[PDB]
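Chemist: Below are the chains, spelled out letter by letter.
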Amino acid sequence: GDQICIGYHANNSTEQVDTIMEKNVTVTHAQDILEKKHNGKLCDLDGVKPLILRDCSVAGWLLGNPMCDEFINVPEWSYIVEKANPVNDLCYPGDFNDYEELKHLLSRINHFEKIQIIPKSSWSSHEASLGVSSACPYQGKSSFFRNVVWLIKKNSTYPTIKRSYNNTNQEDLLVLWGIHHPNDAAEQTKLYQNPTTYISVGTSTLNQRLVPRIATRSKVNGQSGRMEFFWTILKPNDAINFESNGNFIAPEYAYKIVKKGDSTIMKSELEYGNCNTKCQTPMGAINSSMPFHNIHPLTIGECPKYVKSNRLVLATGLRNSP
Amino acid sequence: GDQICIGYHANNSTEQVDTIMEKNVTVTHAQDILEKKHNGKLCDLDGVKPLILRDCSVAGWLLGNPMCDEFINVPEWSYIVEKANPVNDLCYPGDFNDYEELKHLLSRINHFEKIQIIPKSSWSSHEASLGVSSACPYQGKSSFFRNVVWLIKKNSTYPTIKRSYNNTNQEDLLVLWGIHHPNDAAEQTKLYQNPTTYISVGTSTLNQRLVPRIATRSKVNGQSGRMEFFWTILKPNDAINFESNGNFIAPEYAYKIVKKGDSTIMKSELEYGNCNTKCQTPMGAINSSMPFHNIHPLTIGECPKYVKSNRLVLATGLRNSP
Amino acid sequence: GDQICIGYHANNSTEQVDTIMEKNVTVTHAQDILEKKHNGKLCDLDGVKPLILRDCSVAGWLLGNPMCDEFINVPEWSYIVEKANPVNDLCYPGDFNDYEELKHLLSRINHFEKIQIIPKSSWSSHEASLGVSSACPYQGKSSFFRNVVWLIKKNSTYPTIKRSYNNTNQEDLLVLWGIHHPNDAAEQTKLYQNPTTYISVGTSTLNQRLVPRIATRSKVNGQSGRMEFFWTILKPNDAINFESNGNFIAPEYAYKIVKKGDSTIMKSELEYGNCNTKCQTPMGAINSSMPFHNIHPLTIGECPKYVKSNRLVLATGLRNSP
Amino acid sequence: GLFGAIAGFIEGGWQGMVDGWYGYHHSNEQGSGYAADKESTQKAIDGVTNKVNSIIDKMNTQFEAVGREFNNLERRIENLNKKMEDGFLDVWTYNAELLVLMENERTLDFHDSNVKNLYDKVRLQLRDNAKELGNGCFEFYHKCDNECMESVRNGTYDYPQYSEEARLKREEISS
Amino acid sequence: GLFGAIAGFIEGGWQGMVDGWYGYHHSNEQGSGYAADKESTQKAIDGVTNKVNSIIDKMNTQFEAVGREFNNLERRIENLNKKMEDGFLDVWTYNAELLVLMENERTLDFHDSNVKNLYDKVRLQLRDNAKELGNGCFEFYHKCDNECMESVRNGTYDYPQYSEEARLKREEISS
Amino acid sequence: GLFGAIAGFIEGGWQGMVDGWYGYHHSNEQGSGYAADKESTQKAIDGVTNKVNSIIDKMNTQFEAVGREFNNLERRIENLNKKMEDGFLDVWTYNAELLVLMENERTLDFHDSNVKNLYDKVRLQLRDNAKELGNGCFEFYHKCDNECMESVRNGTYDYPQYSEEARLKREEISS
Ligand SMILES: *[C@@H]1O[C@H](CO)[C@@H](O[C@@H]2O[C@H](CO)[C@@H](O[C@@H]3O[C@H](CO)[C@@H](O)[C@H](O)[C@@H]3O)[C@H](O)[C@H]2NC(C)=O)[C@H](O)[C@H]1NC(C)=O
Ligand SMILES: *[C@@H]1O[C@H](CO)[C@@H](O[C@@H]2O[C@H](CO)[C@@H](O[C@@H]3O[C@H](CO)[C@@H](O)[C@H](O)[C@@H]3O)[C@H](O)[C@H]2NC(C)=O)[C@H](O)[C@H]1NC(C)=O
Ligand SMILES: *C1O[C@H](CO)[C@@H](O[C@@H]2O[C@H](CO)[C@@H](O)[C@H](O)[C@H]2NC(C)=O)[C@H](O)[C@H]1NC(C)=O
Ligand SMILES: *[C@@H]1O[C@H](CO)[C@@H](O[C@@H]2O[C@H](CO)[C@@H](O)[C@H](O)[C@H]2NC(C)=O)[C@H](O)[C@H]1NC(C)=O
Ligand SMILES: *[C@@H]1O[C@H](CO)[C@@H](O[C@@H]2O[C@H](CO)[C@@H](O)[C@H](O)[C@H]2NC(C)=O)[C@H](O)[C@H]1NC(C)=O
Ligand SMILES: *[C@@H]1O[C@H](CO)[C@@H](O[C@@H]2O[C@H](CO)[C@@H](O)[C@H](O)[C@H]2NC(C)=O)[C@H](O)[C@H]1NC(C)=O
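Residue numbers (this note's numbering), protein chains in the order written: chain U, 1 to 322; chain D, 323 to 644; chain A, 645 to 966; chain P, 967 to 1141; chain F, 1142 to 1316; chain L, 1317 to 1491.
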């Protein structure tokens, strides 16, 4: 007689697959659902560069830490990248108020521009160029934050400062200032004449009065004094008024800012690689299509769901067993 | 010979369905799983009305903003509805302490009743009926929050206030008070004789001392002064003691309150429609049965899970293809 | 002729199972997927005991509440257990700053040891052994927190305290201090000579100045005064400086602390049962294998997902119907 | 259809049948017609309804929840909440979609299965007393009437009755 | 049962069988009895166990977590946490319940499938050397004994042996 | 394989076939060979691809999100976030793994199903004009050629043509 026989394909494939009821099943064709490849660099998010502070904290950068720079004349960014432990933070020891909140606000910026709000030389009846310490060494010469001024008494006098700035720009503006909390009463008189002192700042919103807190503390970068910093967004048509009797660290520069979206600060020791993704990782970018990845939990972007496994291998073909 | 043939139903249905392996499959009968219908009104939650503040913030309401009313003489509510940007907030510019927390506390109330705690006329040796401003215009006449009193010096004197109230009701009661932070020293003396001043409030829990903060600020509703408010729950048997030398904005009314559960503040421009649901939405109520909806994420009640899709259509019948 | 018939198993099982399409289906063999058994005691997490405060709040324990003890000379723990409403908290009424955050920090500790930081007898020119009240009755004799000293004027004088401690240990150390907020001016003078008063504490981090707040309050455990407490972690090489004029509640003891992980505070009325698990529950431990349990939501450990159901019964055998 | 039913031997389903979901179509010497099968159709309705219901009823955990509440100095927390809401949206959206896809498939196969069941019940009830056409149809080796086909639906067709009428009628067609 | 097995031609399963899950029941000229099939029953146990295990083993992600921690000026956040806990409970509760429902269904069908597999293996091994009763039972055209049915289980039944014994025995019944 | 196909009557699949996934293997009087079936193989490719795609495409909700941001006096909140992230990882990890497991199973059964479909299409097209070997193979009662098997694939095999050639050839083998 004559025959016909029905059969199925089989090839030289050795790729295994798992089943609800069976393990290590040899299959004709298979498809990995799980992304495992990254590119080991930092990239633009949707064609917008990150802000990569190299050895600086955000604080370090915003205040002018002498060892950081103001070279971050990048007008716009999509996310910020700090190192694990940036080396350049507050050269002069101190504190920064609502730092994290400020960091979050700054994580993604549509426009950012540095403006000389109160110019270093307009302090006619106070000493502007002397507030300088070995805690912030610039080039062997001792120094201090660039974007902020440490005012000292002129002659043996510190007149009450009364001074304000109208935001006549259209952009919101971020403004910063600080107090010096000296170590002791002598140190007070030496820097500012007056024993009792205050800074008061008012906005349409802000209503603060700082008062220096004198106390023996431990030296930090050789300094037992402390610097405490403060900020706000000054709204387009508003005005900020400062008034001090003196422990005042005056703004010099402030930032025009246009904020149109949030992101986060990423921690990575990687460097920029001219490059773009829709999804970024402290270990590198992902050119995603898979709905799952196992690279790293702390992503930024439109990413595959992060998963804890090595294999998500889906069966295309059939039971290809020798 | 004779026949019998087995076949299946087919009708004039054109409703399509999707399958893991097939798209646009024509089917005999089908069932939508996804709720899409709302009724465009705000309704009671389980037969309990919401509190709909019309043009008032909660703050505006609680303090007596002149343009708000005390007509919110509804005893009980299940959730609150503020507008996006209520027009009547703090007529006199200022701040409210732990405002959100208090909003959250107030979002759902079992009983609520306004009680005269310290009568506006018991201030014999201070001026009670003068604390009034053009920032809170009532009917052309200028004025001020209703539920709270802005005490001014009588003759040229402001005796130290010592004053307390025992909560002798069974209900917790919510109590509110403020400081005035004047613009300058002259303004201080004008309203209150004394240059140095304080309010201190004590409970079995609260232990505060406020001190007015003088500063040049920008005018807001024509005022560069500020009002700062504060609150607590005064427990049934307890007692609150006020003492001031004077920048004191004294309670007149406080609120009996019985809290038996939480909800939230909803933002909607809709109005009440006499009506009931088990699930509400800023765009309207849902008479739910389906396990999924796509109307709006910000719901209140027992809701179908909110989902991002148009079709969750489940196959009832079979392959009805022409 | 001769026969063979194909059939399937059937036994005397009456265990039912449910199906997407069928309910109450009788089955040959079945497997429960849902854990329901606990052992009704508290156990070590991975061989590390919990800290079971019996009638004491953490505050009560940390401060030396006389009715608590310092018997908690257990050097390490994996989680803390407080009762719902511990009876022994702040015998002297008052407040504890960042109490929850401290609780959280303490929930799991690698090493913990109590060190005499500023010894009770080193107060030569102040009264150390008098700060005692009936609010903290010890054995009929009235008394006060053990780990902290309530300094009073000697003769009729309270010299300004200037005093510091260097952390020369390798371990971080947790330090605590308080202010006393008297009821009135007379009470002030009585305890400390000086009418105007401050405590200021400084670290490489901490920069605080406290000022007692005088006010009529309600008696609590017969006391209208109040005690406010504060804390920090003093870093290995750092130093804490105290300076007071006097409403100071001085540390006597502080804690060396090595933190290598977090957990939480569990609320339970249960007692220790010598015993171990990888997963604990206020109602008892679970020896888990199942991927789901329905015992209790507030677990600590590596647990099965908590679920709302009684039956997760999976079919092993087949349709065993009589 | 997987079970050789819908996409297989039975090409197209009879619209002429309103009775139920599954059924028969006779063409005997009286006339012709279609009366649906009932235990089958009934067990299916039950099953589909049940599937729909359990898909609804097993969520019967949901409970009271809410909308959104932080000031613009708590933006990190607002973000926290966004993520969480966002994440649940991603889970539920994905699950619901695939749940539907998967169950829709199993449904259409469930029907095919039953059809083949019904086909095979008839087939076995009358071994070689009938011819297997391949259209999903059976031709009788003997003559048959209306009352005749009642037992066919019943499950009370008697093989040894019309066997020798078929057996001789079978050899007549042979060669 | 979907494959015509349990709810179909084999009405009821033999309790008399303890050997395994699936099997045979002979009634030859020696006597009668039931010895279960082994490769089949074994492959099933394997499968079911495996399903149970993977359902357990694939969660093997869970890890350290906790209970609850905000004061009453942090109620908004307490609510945030509630929502999240609540939302996970709704997810897990729903999935687990439907997982069981769906997989239970597939299980009972998996058994039906194997039964029909076993039925059809026997059926094909001996084409027209046996009669198809419809009770899930086969009658031999020839005589058979105990050693005879070993090859039947084995899969070593020889068709061309008892063919002409059946072939003549088939025409004897015909007419 | 559940449908008696892969683990059943067809032991092993032909590697000799590159054409497609499913097919035939003739051994007529010209020679022998295997040309795959196309509508079947095509409908399968479509189906599998579709499954893969929908598994990818139905997540098409994801959107912008982020990393980690609280100071060490906000540890309780850091914990809150951890739990949330952790919880999502547990959800996705479990779902993905089981999804794959379940769908892998349904895939391998889907193939078995189609094979049996194809087997049964051939089988019915030519009732007793062919012999059912049991190897998944059919032997013709008559002689057959290459052009002969085109209609066999086509679905245009004519039964009443070679019926009496089979019928007489059937009795010749009988006894
Ligand atoms: C910062 O300076 C700006 C600009 O000088 C101030 O806003 C300005 O204030 C003027 C005059 O007060 C405003 O003009 C006013 O407009 C309304 C109608 O809109 C009119 O009825 C008034 O009579 C008045 O003319 C306007 O907003 C703006 N001036 C212009 C021409 O742009 C702002 O007040 C300053 N910041 C603060 C808070 O002091
Ligand atoms: C807390 O007390 C410890 C005591 O061990 C202090 O650490 C010590 O600090 C001194 C400086 O104050 C260091 O001495 C220095 O040593 C170099 C030579 O090695 C010498 O030329 C300098 O004159 C200088 O004084 C010493 O290295 C260091 N010892 C240790 C063990 O680290 C610590 O500074 C105290 N905390 C503070 C900041 O008060
Ligand atoms: C507020 O007044 C209430 C109501 O009278 C006081 O409660 C009484 O106070 C006495 C005095 O100690 C106690 O016997 C009981 O607590 C209460 N008696 C009754 C019959 O209620 C309460 O003391 C007052 N609160 C304060 C802070 O003084
Ligand atoms: C199932 O197959 C996989 C093959 O990938 C097995 O994984 C083994 O793990 C070792 C490491 O010990 C690898 O080097 C090999 O790929 C695998 N071993 C061998 C010898 O094949 C897995 O262990 C196998 N069986 C099961 C289910 O445990
Ligand atoms: C099958 O599904 C939908 C629904 O019918 C189709 O959406 C259509 O898109 C194409 C043009 O892109 C048109 O045929 C129709 O006008 C659309 N229908 C709608 C949404 O009304 C879908 O494209 C169909 N299949 C494909 C891939 O074309
Ligand atoms: C399927 O069977 C279960 C067996 O537990 C039934 O459970 C009963 O539920 C009722 C509620 O109406 C209780 O009063 C009984 O205590 C339970 N029965 C017993 C004694 O086992 C369940 O109701 C059944 N499902 C349905 C509704 O058919």
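Simulated from the structure, these hints should not be mistaken for lab results.
It is possible that part of the hints are untrue.
In silico SDA-like pairs for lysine to any residue, Cα to Cα no more than 25 Å straight-line [to be verified]:
1) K259/U x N598/D
2) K680/A x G928/A
3) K1223/F x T538/D
4) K1224/F x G1208/F
5) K764/A x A728/A
6) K863/A x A561/D
7) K1135/P x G1208/F
8) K1004/P x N1194/F
9) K425/D x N598/D
10) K541/D x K308/U
11) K405/D x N1037/P
12) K1459/L x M1375/L
13) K36/U x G1349/L
14) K582/D x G1208/F
15) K1272/F x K1437/L
16) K41/U x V211/U
17) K1049/P x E422/D
A few chain F residues that face chain D, going by a derived Cβ cut-off under 10 Å, partial list only [said to hold, decoys possible]:
18) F1204
19) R1209
20) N1213
21) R1217
22) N1220
Ranges of calculated distance between the beta carbons of each label pair, as one might list FRET restraints [as the list claims (entries may be wrong)]:
23) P397/D x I72/U: 51 to 61 Å
24) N668/A x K267/U: 16 to 26 Å
25) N1213/F x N24/U: 32 to 42 Å
26) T189/U x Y782/A: 24 to 34 Å
27) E624/D x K256/U: 42 to 52 Å
28) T490/D x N1213/F: 53 to 63 Å
29) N24/U x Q1346/L: 57 to 67 Å
30) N656/A x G982/P: 11 to 21 Å
31) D1187/F x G917/A: 49 to 59 Å
Every residue, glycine too, gets a C-beta built ideally from N, C-alpha and C.
Chemist: So which of the earlier hints does this model not fit?
Modeler: Checked against the structure, the hints that fail are numbers 1, 3, 5, 7, 8, 10, 12, 13, 16, 18, 19, 24, 25, 26, 28, 29, 30, 31, while the rest are satisfied.
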